[PDB]
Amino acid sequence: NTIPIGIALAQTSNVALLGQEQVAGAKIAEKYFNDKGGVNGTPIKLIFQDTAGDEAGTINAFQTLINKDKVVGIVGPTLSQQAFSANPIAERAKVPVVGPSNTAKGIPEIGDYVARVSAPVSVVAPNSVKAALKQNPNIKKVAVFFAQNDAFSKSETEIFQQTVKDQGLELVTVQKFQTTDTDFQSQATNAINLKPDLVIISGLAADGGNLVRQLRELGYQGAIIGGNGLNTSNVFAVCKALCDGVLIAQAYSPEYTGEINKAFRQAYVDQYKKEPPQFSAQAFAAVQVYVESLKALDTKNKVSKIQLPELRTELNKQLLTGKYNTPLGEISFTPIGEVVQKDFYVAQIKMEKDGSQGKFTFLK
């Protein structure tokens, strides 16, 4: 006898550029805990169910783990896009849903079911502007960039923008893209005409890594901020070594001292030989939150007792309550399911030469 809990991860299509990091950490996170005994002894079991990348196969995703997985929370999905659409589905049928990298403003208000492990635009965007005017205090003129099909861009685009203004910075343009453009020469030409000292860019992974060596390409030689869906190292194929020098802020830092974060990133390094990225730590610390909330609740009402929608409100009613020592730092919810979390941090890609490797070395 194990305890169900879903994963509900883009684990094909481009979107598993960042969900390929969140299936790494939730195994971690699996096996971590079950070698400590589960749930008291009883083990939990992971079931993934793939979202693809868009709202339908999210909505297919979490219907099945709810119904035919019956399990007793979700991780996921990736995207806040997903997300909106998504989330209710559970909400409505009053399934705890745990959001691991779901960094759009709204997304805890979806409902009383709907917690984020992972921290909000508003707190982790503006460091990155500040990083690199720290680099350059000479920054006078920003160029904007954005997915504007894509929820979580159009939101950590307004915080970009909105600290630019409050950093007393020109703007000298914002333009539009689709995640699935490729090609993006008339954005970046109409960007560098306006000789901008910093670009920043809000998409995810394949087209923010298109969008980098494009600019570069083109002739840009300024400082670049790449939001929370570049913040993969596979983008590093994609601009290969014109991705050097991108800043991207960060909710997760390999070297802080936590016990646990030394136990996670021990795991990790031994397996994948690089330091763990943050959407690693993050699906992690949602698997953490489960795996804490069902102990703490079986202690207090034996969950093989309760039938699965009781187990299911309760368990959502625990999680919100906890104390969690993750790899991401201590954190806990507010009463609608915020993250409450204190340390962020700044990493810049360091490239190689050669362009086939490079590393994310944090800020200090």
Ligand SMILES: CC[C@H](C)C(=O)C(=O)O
Second form
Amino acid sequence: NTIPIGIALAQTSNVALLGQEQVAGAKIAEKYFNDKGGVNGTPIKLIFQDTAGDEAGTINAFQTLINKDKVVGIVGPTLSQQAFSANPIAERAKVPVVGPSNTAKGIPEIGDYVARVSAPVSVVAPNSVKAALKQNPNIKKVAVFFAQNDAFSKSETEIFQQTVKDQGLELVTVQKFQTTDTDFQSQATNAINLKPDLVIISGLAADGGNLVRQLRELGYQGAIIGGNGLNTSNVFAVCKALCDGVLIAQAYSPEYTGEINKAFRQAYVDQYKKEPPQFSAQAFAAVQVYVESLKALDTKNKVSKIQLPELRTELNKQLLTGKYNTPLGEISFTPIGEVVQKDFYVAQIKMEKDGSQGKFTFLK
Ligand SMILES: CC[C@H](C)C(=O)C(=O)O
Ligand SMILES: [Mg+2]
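May I ask for the structure of the form deposited with ligand 1QQ bound now, the form solved without ligand 1QQ having been displayed?
Below is the entire complex, every chain and molecule, led by the chain shown above.
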């Protein structure tokens, strides 16, 4: 007998360029927590249902997890674009959802059953602009690009644009693209003709990486910031050596000295031979929230004796009150499910000259 927790992430489609890291983090959490006895001796069982890359797939995944798999709660989905469409299904059904990577404005406000462990664009993104200005105090002109079909990208670009304004910089253009585009020659050239000193990109991984590469090919030599959708080594394959120097804000640091991070990092590094990415740590934290909440609930109200609808409602109520020492640091929730998290960072892509290997270097 086990306690089923649903994992609804993009395991297929180009969105899996981000989802792959989350699956890895979730599996690490499953072993970590089950090795400690699961929920007071009862193991958890992660049940994975692929959302693919769109809203319909996420709705189907959620409905399958809720109705067929009988899960006590869901971790997911990968994208805010998917969450805005699918989370209301879980809200209506009174099934908790914890978002591992949904950073758009308005996610926790979807309802009383929606929380997130992923710090939002408003708190994460401005730091990368400040980092760019530290490395080059003479930045004056900024070109901004965003994916106009993606909810997160639209939310993120608004924060980047406001930050540019607040730092006293000139916004020379805002260019739009679609996440499904591969060619950005017209937008890139339009921007390059305005002689920007800094370029900011809000997109996802494949699109973001292709845009970075094309900007460099077209002769752009200035600074580049990528938003959260570019925050994966899976962009290295796409831009290769031309990824070098891209700044991306982080809501996680491998070097964070919390005991559970040391354990998580060690487990990740031993397996994957590189530092754990943000998305992996955030997915781990989402699973942790469920395990620790299930433990606290079970101690007060033995879960094996609670029928599923009440179990879900009590689990939701419990998780919102909890304090968690996670790889992300000490986190908690506001009464509407917003994450409370103190520390943020900025990392910079460092490519080896041959372009076949790279890493994220954290700025001090
Ligand atoms: C995977 C992270 C994703 C791009 C995000 O931040 C969001 O959709 O809100
Ligand atoms: Mg909420």
